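Residue strings, one per chain:
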Amino acid sequence: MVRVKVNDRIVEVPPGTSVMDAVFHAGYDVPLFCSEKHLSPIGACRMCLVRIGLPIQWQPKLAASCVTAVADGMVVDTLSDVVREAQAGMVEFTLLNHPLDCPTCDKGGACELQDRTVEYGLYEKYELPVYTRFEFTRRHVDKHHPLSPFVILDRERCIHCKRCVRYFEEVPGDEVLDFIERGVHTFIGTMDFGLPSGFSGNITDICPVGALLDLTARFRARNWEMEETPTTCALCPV
Amino acid sequence: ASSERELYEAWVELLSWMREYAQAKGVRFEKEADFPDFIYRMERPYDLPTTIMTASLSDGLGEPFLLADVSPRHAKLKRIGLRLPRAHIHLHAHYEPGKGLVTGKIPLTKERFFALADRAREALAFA
Amino acid sequence: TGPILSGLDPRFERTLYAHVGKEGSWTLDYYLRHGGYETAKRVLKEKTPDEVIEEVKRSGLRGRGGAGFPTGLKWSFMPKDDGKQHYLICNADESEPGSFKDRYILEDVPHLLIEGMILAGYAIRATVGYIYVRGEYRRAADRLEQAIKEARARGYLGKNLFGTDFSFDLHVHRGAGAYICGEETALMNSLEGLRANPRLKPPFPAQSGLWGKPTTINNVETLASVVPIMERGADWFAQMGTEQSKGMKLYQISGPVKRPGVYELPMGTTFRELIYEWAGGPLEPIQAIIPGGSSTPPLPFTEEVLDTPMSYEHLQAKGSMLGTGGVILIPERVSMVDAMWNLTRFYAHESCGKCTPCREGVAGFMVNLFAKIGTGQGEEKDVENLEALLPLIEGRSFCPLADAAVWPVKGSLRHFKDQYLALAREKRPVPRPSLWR
Amino acid sequence: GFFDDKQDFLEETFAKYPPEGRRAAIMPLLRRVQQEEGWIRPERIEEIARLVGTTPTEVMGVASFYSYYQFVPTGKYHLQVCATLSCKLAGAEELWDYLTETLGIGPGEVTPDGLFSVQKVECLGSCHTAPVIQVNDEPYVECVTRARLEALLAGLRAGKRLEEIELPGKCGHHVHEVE
Ligand SMILES: NC(=O)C1=CN([C@@H]2O[C@H](COP(=O)(O)OP(=O)(O)OC[C@H]3O[C@@H](n4cnc5c(N)ncnc54)[C@H](O)[C@@H]3O)[C@@H](O)[C@H]2O)C=CC1
Ligand SMILES: Cc1cc2nc3c(=O)[nH]c(=O)nc-3n(C[C@H](O)[C@H](O)[C@H](O)COP(=O)(O)O)c2cc1C
Ligand code: SF4
Ligand code: SF4
Ligand code: SF4
Ligand code: FES
Ligand code: FES
Ligand SMILES: [Ca+2]
Ligand SMILES: [Mg+2]
Ligand SMILES: [Mg+2]
Ligand SMILES: [Mg+2]
Numbered sequence: 001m002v003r004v005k006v007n008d009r010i011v012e013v014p015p016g017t018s019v020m021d022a023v024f025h026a027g028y029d030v031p032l033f034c035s036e037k038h039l040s041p042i043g044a045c046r047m048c049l050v051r052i053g054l055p073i074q075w076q077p078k079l080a081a082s083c084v085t086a087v088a089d090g091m092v093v094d095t096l097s098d099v100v101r102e103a104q105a106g107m108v109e110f111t112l113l114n115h116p117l118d119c120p121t122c123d124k125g126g127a128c129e130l131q132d133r134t135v136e137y138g139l140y141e142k143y150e151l152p153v154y155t156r157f158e159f160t161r162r163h164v165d166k167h168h169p170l171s172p173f174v175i176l177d178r179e180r181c182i183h184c185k186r187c188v189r190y191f192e193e194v195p196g197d198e199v200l201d202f203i204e205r206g207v208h209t210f211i212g213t214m215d216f217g218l219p220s221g222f223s224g225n226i227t228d229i230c231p232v233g234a235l236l237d238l239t240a241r242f243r244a245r246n247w248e249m250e251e252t253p254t255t256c257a258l259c260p261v
Numbered sequence: 003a004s005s006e007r008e009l010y011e012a013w014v015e016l017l018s019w020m021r022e023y024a025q026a027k028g029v030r031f032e033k034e035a036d037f038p039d040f041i042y043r044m045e046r047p048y049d050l051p052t053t054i055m056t057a058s059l060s061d062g063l064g065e066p067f068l069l070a071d072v073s074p075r076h077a078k079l080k081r082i083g084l085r086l087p088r089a090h091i092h093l094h095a096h097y098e099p100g101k102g103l104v105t106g107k108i109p110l111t112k113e114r115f116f117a118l119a120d121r122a123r124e125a126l127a128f129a
Numbered sequence: 002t003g004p005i006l007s008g009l010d011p012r013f014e015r016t017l018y019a020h021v022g023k024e025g026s027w028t029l030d031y032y033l034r035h036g037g038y039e040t041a042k043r044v045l046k047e048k049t050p051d052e053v054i055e056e057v058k059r060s061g062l063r064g065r066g067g068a069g070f071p072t073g074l075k076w077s078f079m080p081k082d083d084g085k086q087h088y089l090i091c092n093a094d095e096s097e098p099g100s101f102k103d104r105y106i107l108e109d110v111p112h113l114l115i116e117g118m119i120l121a122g123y124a125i126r127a128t129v130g131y132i133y134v135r136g137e138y139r140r141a142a143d144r145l146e147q148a149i150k151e152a153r154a155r156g157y158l159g160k161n162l163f164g165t166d167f168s169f170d171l172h173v174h175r176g177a178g179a180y181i182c183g184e185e186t187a188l189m190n191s192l193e194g195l196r197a198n199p200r201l202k203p204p205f206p207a208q209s210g211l212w213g214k215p216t217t218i219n220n221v222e223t224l225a226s227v228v229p230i231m232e233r234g235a236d237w238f239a240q241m242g243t244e245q246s247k248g249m250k251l252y253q254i255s256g257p258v259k260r261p262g263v264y265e266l267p268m269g270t271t272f273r274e275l276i277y278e279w280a281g282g283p284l285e286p287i288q289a290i291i292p293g294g295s296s297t298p299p300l301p302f303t304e305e306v307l308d309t310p311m312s313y314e315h316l317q318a319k320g321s322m323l324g325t326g327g328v329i330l331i332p333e334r335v336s337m338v339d340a341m342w343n344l345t346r347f348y349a350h351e352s353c354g355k356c357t358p359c360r361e362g363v364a365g366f367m368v369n370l371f372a373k374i375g376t377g378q379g380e381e382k383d384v385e386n387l388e389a390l391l392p393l394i395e396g397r398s399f400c401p402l403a404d405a406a407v408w409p410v411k412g413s414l415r416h417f418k419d420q421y422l423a424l425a426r427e428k429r430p431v432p433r434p435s436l437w438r
Numbered sequence: 002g003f004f005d006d007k008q009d010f011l012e013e014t015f016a017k018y019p020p021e022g023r024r025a026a027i028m029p030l031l032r033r034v035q036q037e038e039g040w041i042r043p044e045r046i047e048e049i050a051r052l053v054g055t056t057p058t059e060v061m062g063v064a065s066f067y068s069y070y071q072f073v074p075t076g077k078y079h080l081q082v083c084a085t086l087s088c089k090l091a092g093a094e095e096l097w098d099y100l101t102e103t104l105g106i107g108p109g110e111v112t113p114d115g116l117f118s119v120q121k122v123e124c125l126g127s128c129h130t131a132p133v134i135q136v137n138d139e140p141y142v143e144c145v146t147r148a149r150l151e152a153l154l155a156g157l158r159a160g161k162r163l164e165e166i167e168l169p170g171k172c173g174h175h176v177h178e179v180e
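Protein chains in written order, with the authors' numbering: chain 3, 1 to 55, 73 to 143, 150 to 261; chain 7, 3 to 129; chain 1, 2 to 438; chain 2, 2 to 180.
Please note: incorrect hints may appear among the correct ones.
As the list claims (entries may be wrong) - If we take Cβ atoms under 7 Å as the criterion, some of the chain 7 residues that face chain 2 in the derived model are:
hint : residue
1    : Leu86
2    : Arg88
3    : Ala89
4    : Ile91
5    : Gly102
6    : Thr105
7    : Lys107
8    : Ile108
9    : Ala117
10   : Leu118
Don't read these hints as lab results, they were simulated from the structure. For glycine and all other residues, C-beta sits at the position ideal for the given N, C-alpha and C.
Construct the entire structure; sequences and hints are all you get.
Quick look at the structure:
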């Protein structure tokens, strides 16, 4: 086992461990979009950056903690002004081309983006506070479009965390969703229409925002207004 | 200038063309989004000729073969925008004084528009 | 003379571009006559794989991909004998603005490439090698295919070359318009039939590359350079250059200059030599030059710069870098703001979409900052913003592309901040001089 | 069915890649469709998917990643103007305005005659001979000066094949001289 020191807290952990799960095992924490449980970890959203020392020799650039293996006697800084300043910049860049439908968005208060934004956004550099630096036309595109009788896609909302395409290839194995043009013009789309997989609904739970949404239950109530009942499905033997 | 006003005067007109074409070729026209600056204008004043910011020409399956937007009121570098979804073609129409709705230099007429949308319908339309 | 080769030396010998532009240079016959696959025959029978890696390493050759990484040490990374298929890849997708030196190797001396890749492939136990060219280089695509055809006809590519027990065959893969396919790792994905997003590069292409198998990737100029180095030894090669930049280099030059183009010089010759002696001097007053690629931070048109040795060290410690040798001079008649306004609306077009900081960050925020301030709509505030944007992107994108877009901007502020503030304060658009005839 | 016609092209291109790597074939196939038909129709993508042996979606996402592939009808000669710095310092902007103006067309549109289609492009790889224009996927038309450009136009408009149209002036190889 490898001896890692996250912030001030030191933690044991097996060799094949991410610096992310290292930092979450410790207690501390960090932004988090593209990365998901049981999905291949990548560094795409670039929010889980941390500072790393491997002495006290600190590395010159920030590391995406979700795709970095812990070395022995490693040091992880998640609090420094350097980190926070970045974190709040990654929030900023995400919301750059985001829609502005929060109240009228089925992604209620259950929305990873909403949440993280208020968790790490709006840096406190040390006069009126500046909420939004970006002041140009946003990314208008295809909106409120049903992929199936069960799913409804909102392209504007998508923040490109690679979760859904990534999930389709890996878990069920049905490549029925993938990105389209490149650059700032890219969106999610299908050419398999029906949304053919018998495991399509699961994207609904992974999506960090309200692009991919369970249409069986469009506009019923807000997320906190539900009376959640933890039980088991008795439709089959599993 | 007052060009800001005259821009929206044309944005409605473009919409009109779109609705015309939609019923004339019998294809789906869709309001894709209303201006946020209107839903959240509380008691504040508002005088733009309509409320639709994103409009589209979608097909049988509902997938867009034409997209249209216009920059919100309180936004910088204002232009109206024509985008043909899957074929990587973006367009930026501004408004010249005494000239009209132009794409850099070419007049974006009702004629020229219909050409684009027909071309786009035949090609891009899934069903 | 006495010591070291660095320019117009009477002792410098043209090697790569020697036959480019000579009538029918690309024929398998022209090649056989003026020299032939003689060097490769030799080495395949005499020197061993590990030996040929040494001679290349001793020479001090570094990736003319623009990276500058010891191609010797690079081959060193391949697994020795693991009973696994290995692949060699030629990166012949040359999409760096102001950088066009690989084009003509493919168009006019293709067999020079085939010869080098046979050498290299042998060094690493690769029996299969591919050539990702650009879908825009048409002639280069044809001549390279042509040559690979007639090389198989005479048995220079096939099951048992030169009677030795080594087999080498080549495959041309054309592109289809994407600067990002130039990146070694994404390049693979593109060819492989996926969307061309760079992969996780902590696992290098020597341990896992094309279809997972141990592969190695090199520039067209890198690979071509392998021939003269195996022909006339590492010492002939190291006889040219500086303390850390050995060999010759295909510097190219565009912009307003008497006679623009590709010029083979030793590594170390001066900007003053390229721009003047060969290129023939400027046609307008120049204000800055973009030294290597466009990914390179520009420098001012000063006497102290003109006397700098074009190297993986002299430009390094001048606040820039030697890219691909692609120089571009920029006139005073055009605004440095306008220059970058352009370059950046390029990196915007070419971004792949994978990262937030590059996608949204440069292709959204950054291109539009310029836009504003380049139409005389920008306040001093929009200059400050653009400024403080950089360090949020530069350090930590996914691949160096986003770096490539800010580095040049940063430099342009570091040397020309006055042109920006000036356009912002006077609410002035960028000057539009008449430039085309 | 576009490829039933030419199963010999398939044999030969699939054969450049390993059994476990048929998707590699995608690029080369799209490539063909384009040079044959001038653009990629949806059915063409559903076909290619079936050959390569993967889903439609996958292929279309890959297909739309690249600039060269057109997904709507394009003129007989689809002019691709270089736009970046070197060609800008050469006059690419003015070239583009003069072009778009004379023809009266921007991106998605095709001239009334069916023969001229326009598009901006990035650094084509010959900046010493700027400004640059690629016609379809034929070797470039370098040094497009106003004089030259009008020539190129009248030539194609007259019906001459591009490989052989007489252009005024002289254009260098890997080095170019100006006066
Ligand atoms: N010729 C052209 O058309 C273009 C050239 N470029 C150039 O690309 C350059 C940067 O390219 P990159 O490959 O991304 O730089 P890099 O930082 O990833 O280093 C590149 C090379 O070093 C090797 N390498 C580094 N550490 C290694 C290790 N621990 N083990 C094994 N191999 C290792 C890589 O395999 C690679 O060959 C720029 O300087 C730029 O000028 C950019 C665009 C176009
Ligand atoms: C964003 C990016 C784009 C690149 N584009 C090219 C390219 O177009 N051509 C090229 O030869 N190398 C390009 N490179 C560098 C490749 O990684 C390079 O070709 C490879 O490392 C060459 O091997 P060499 O250094 O031994 O020559 C690019 C690198 C990056 C990061
Ligand atoms: S996805 Fe999240 S941030 Fe975007 S509108 Fe919906 S709730 Fe708000
Ligand atoms: S639609 Fe949802 S899961 Fe798919 S990439 Fe976009 S944000 Fe991530
Ligand atoms: S930096 Fe830009 S081009 Fe590079 S991986 Fe990220 S988005 Fe793609
Ligand atoms: S969570 Fe690590 S980069 Fe997205
Ligand atoms: S800039 Fe036009 S070819 Fe390089
Ligand atoms: Ca729709
Ligand atoms: Mg709807
Ligand atoms: Mg001779
Ligand atoms: Mg392009």
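The hints, checked one at a time:
1. This hint holds: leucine 86 (chain 7) has a C-beta 6 Å from the nearest C-beta of chain 2, less than the 7 Å allowed.
2. Restraint check, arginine 88 (chain 7) versus chain 2: the minimum CB separation of about 6 Å is within 7 Å; hint holds.
3. Evaluation of the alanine 89 (chain 7) hint against chain 2 yields a held restraint, the C-beta minimum of about 4 Å falling below 7 Å.
4. Satisfaction of the interface hint for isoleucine 91 (chain 7) is found here, the shortest Cβ-Cβ separation to chain 2 being roughly 4 Å, below the 7 Å cut-off.
5. Because the beta carbon of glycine 102 (chain 7) sits about 14 Å from the nearest beta carbon in chain 2, more than 7 Å, this interface hint is broken.
6. Checking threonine 105 (chain 7) against chain 2: minimum C-beta separation of about 5 Å stays under 7 Å; hint holds.
7. Look at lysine 107 (chain 7): its Cβ gets to within about 6 Å of chain 2, closer than 7 Å, so that hint holds up.
8. Hint on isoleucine 108 (chain 7) holds. Least Cβ distance to chain 2 is approximately 6 Å, under the 7 Å limit.
9. Below 7 Å, beta-carbon pairs count as interface contacts, and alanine 117 (chain 7) has one with chain 2 at about 6 Å; its hint therefore holds.
10. At its closest, the beta carbon of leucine 118 (chain 7) sits 5 Å from a beta carbon of chain 2; the interface hint therefore holds under the 7 Å criterion.
Checked against the numbered hints above, the structure violates only hint 5.
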